[PDB]
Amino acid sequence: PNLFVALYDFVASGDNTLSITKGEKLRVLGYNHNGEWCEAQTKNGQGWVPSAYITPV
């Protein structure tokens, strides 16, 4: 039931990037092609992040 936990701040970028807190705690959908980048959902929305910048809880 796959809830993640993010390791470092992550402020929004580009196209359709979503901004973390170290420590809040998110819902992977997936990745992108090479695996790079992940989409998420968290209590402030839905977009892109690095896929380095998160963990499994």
The other form holds:
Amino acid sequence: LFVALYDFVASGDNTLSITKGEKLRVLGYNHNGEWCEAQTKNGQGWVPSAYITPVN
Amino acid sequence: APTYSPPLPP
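Other form of same protein, the form deposited with the partner chain bound, not the form deposited without the partner chain:
Starting with the chain above, the whole complex follows.
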């Protein structure tokens, strides 16, 4: 369980828009850890790893 | 995942 730190607008290509404060579930990471595949109420897709952090 | 890097945190 994670929370978004900053807004991120999807740039297509299976990225996912997220808003500061939203909760996410993390499925995994790409090969260099820069991208994170996450699930929110809005769907599923890749977000910047640095834009989220664990919560609770 | 995208082949390009994500934006840096603000």
